[PDB]
Each structure stands twice: as C-alpha cells, then as structure tokens.
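So this first bit is one chain, no partners, the form deposited without the named molecule, shown in structure tokens.
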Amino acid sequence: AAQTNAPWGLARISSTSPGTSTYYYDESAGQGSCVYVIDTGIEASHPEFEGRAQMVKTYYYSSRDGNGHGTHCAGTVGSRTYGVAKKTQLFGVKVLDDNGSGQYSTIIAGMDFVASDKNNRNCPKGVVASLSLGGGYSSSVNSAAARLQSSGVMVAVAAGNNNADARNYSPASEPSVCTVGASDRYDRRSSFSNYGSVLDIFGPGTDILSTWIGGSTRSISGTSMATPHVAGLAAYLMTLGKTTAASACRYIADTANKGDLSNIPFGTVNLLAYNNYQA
C-alpha cells in the first residue's frame, strides 16, 4: 500500500533514502496487534483513530487527554493518516496528568497494569507498549519496564531530550527494553536527542505531524515522537509474523538502515528504523 503526501517520518521508515513523501507498507497494517500508549491519555473520539482507540486506565479524575502529548504519540502509532500501524488497536493508560507530569510510583503502577491488562484484551498478533516519558535514573522504574518486557510486551521507551548520555535517565537506561533516539528529516541526530550505549535505535523525532486534542493536528518534536514510530513498527512487524515481542527490538536493529545518520557520537548505534517493505 502507498500513502501519498505522508508525514516525512512515515515516508522515512519505509525508505532507503531521506527526502521522499510517500509511505509504503503491507496492507495488514498491524491488524490483530495492540499498542498501549502510556502517557497523558488519548482523545479516542478523534476521527483519525476510527474507533480503534480506547482509554483503559487512568490514575486521575479523568481519562481524557487534557494535554495533547498522548494523543499525538498515539496518532504516530496508529492513526489513519499519521500512524505507522494503521489497523492496530490502541489502549490508553493515563499515568501523566494534564500538565504532562507523573509520579514515578504512578508510572510503575501503569506498567504493571499493562502487564496484567493484556490478558483482558484480544491481541493475537502481539502486544507493544510505547512510553514517551522519563526522568532521572531510578532502579525501580527500570525494573518495572523490565518486568513489562519480560511479561511478553514489546516495550519501546524514549531516550530523552537532554542531548546527553541516556545512562542517567529512566526508563531509557533499562537494558532489556527498546530505547529510542530521535532523528530529523535530513538524517541528522535530532539536536535534543540523548545518545549513548543504551540506545537501540533511532526514529523520526523532529517536526512530526500527528493528531492533537480538540480533533486537531500539530507538529512537535522529541524522542517522545520517535518512540511511537518504533512501537508502531514493532506492531506492524509482529502482525506480519516477522518478529515477536521478545526480539522485536533486536530485529528492528538488525533490519535498520545502517550508518546513514549524522552527528551520532562514537559508541552510539547508527541505526534508523526501517520496515523493509518491498511493494
């Protein structure tokens, strides 16, 4: 399938070259997979989600996304126009308040929630969790992400926006999850993207158009935007049967575009997420 005039990041993940604007992908499109977006919520009524999004948990007075961040990330995972995996099921877990903040204890509870809640959902092709959040190093946050991964969920986490080594941030520094850095439309490391040995992969993160609250759209930047590209890619590849939750991060790294990014520091992988779809 071909989506013309797609956001640059979608075109990038199906291309061996920057500078194109059509997204190519197998029509299965993540059907039968599920992606949990652990964030500020999801505006499930947005027409771009086509009824495939729902809120499953909140730790606050509402499950509504009063911020936009979670709706944007969910849109990159799976919206009809802005999403990688256009037929996946999206489940929102609101661990972040409407200012975008959340206590680590609530974030941990949300991760353990997903590990159990997947047993209440129909995801025959597999389960992914996208975590566009983080703070300073915490062994307990890392351990919660490790448990979620161990339970059979492909966990993708943002590397962070500190232009620093991700070793000092959590859950970015957890070895067993997929830590995602950000790139721009010219295949440069995004100026804010963290780096370091713990990164597994880069995805599009600068000037990413997606859904926003109020039935709207907007373009924003961050490793929070790169993470859902990778989460959606994992769901898409799992639906195709090319990988599993336990090995999807390594498979994405194996099949990535290699050595094409600039300003990647010595000791950080030079790998850009790529679906290897051949029309």
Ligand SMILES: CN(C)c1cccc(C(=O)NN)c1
Contents of the next structure:
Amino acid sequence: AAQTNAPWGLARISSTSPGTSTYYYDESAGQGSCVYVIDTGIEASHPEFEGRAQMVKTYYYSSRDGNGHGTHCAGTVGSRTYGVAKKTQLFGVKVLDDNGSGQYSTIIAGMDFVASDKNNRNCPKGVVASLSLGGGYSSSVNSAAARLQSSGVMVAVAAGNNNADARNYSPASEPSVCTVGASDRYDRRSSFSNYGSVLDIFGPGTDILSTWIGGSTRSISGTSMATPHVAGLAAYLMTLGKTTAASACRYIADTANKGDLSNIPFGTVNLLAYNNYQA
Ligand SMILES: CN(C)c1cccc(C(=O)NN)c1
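What would the structure be for the form solved in complex with the named molecule, rather than the form deposited without the named molecule?
Full complex below, order starting with the chain above.
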C-alpha cells in the first residue's frame, strides 16, 4: 500500500533516504495488534481513529484528553492519515493530567494496569505500549517499565528532550525497554533529543503532524513524537509475524537504517527506524 503526500516521518520510516513523500506499507497495517498509549488520554471520537480507539483507564476525574498530547501520540501510532499502523487497536490510559503532568506513582500504576488489562483483550498479533513521558531517574519507574515489558508487552519509551544523556531519566534509562530518540527531516538528531548508550533507536520527532483534540490536527516536536513511530512500527511488524513483543526492539535495530543521522555523539546508536517494506 502507499499513502501519497504523507507526513514526512511516515515517508521516512519507509525509505532509505530522507526527502521522500510517500509512505509505503503492507496493507495489513497492524490489524490484530493493540497499542496502549499511556499519556493524557485519547480523543477516541476523532474521525481519524475510525472507531479503533477507546479509553480503558483514567487516573483523573475524566477520561477526556483535555491537553492533546496523548491524542497526538495516538495519532502517530494508528490514525488513518497520520499513523504508522493504520489498522491497529488503540487503548488509552490517562496517567497525565490535562497540563501534561503526572506523579510517578500514577505512571507506575498505569504501567501495572496495562500488564494486567492486556490479558482481558483480544490482541492476536500482540501488544505494544507507548510511553511518551518521563522525568528524572527513578528505579521504581524503571522497574515498572521492566515489569510491563516482561509481562509480554513491547514497551517503547521516549528518551527525553534535554539534549542530555538519557541515563539520568526514567523510564528512558531502563535497559529492558525500547528507548527512542528523535530525528528531523534532514536526518539530524533533533536539537532537543537526549542521547547516550541506553538509546535503542531513533524515530522522526521534529515537526510531526498528527491528530489533536477538538477533532483537529497540528505539528509538534519531541521524543514524545518519535516514540509512537516506533510503537506503531512494532505493532505493524508484529502483525506481519516478523517479530514478537520480546524481540521487536532488537528487530527494529537489526533492520534500521544505519549510520545515516548527523550529530550523533560517539557511543550513541546511529539507527533510524525503518519498515523494510518491499512491494
Ligand atoms: C515533555 N518532556 C520534557 C518529556 C517528554 C518525554 C519524555 C521525557 C523524559 O524525561 N523521559 N525520561 C520528558
């Protein structure tokens, strides 16, 4: 399948060169997989989700996304126009308030929730969790992400946006999950992207167009935007049977475009997520 005039990040993950405009992908499109977006919520009513999104848990007074961040990330995972895996099932877990903030205790509870709740959902091709969030180093937060991965969920987490070593941030620094840095449309490390040995992979993160609340769209930037590209890619590859939740991060690194990014500090992987789709 081909989406003409796609957002640059979708085109990038289906190309060995920057600057293309068509997103090429297998038509299975992540059908049969499920991605939990652990964030500010998801505006499931957005036409771009086509009924494939639903809120399953909130830690606040409402399940509504009153911010937009979670809706944007969910759109990059699986919206029709802006998503990597256009036929996946999206589940929203609201651990962040409408200002985009959340306590670590709540974020941990949300991860534990997904590890259990997935045992109650039909996800025949497997389960992914996308965590476009974090703060300073916490062994408890890292352990919660490790538990979620161990339970059989492909966990993708944002590296963080401090132009610093991700070893000092969580859940970014948890080795057993998939830590995602951000790149721009010219194949440069995004100006804000964290780096370091804990990173597994880079994805498109500067100027990413996706869904927003109020049935809208907008372009924003962050490792929060790169993370759902990788989560959606994992769901897509799992539906194709090429990998599993336990092995998807390594498979994505195995098959990435290698050595093509600039301003990668020595000791950080130079790997850009790539779907390797051949029609
Ligand atoms: C919104 N910010 C700064 C953000 C976004 C995504 C991740 C993080 C983090 O600290 N990860 N360990 C921070």
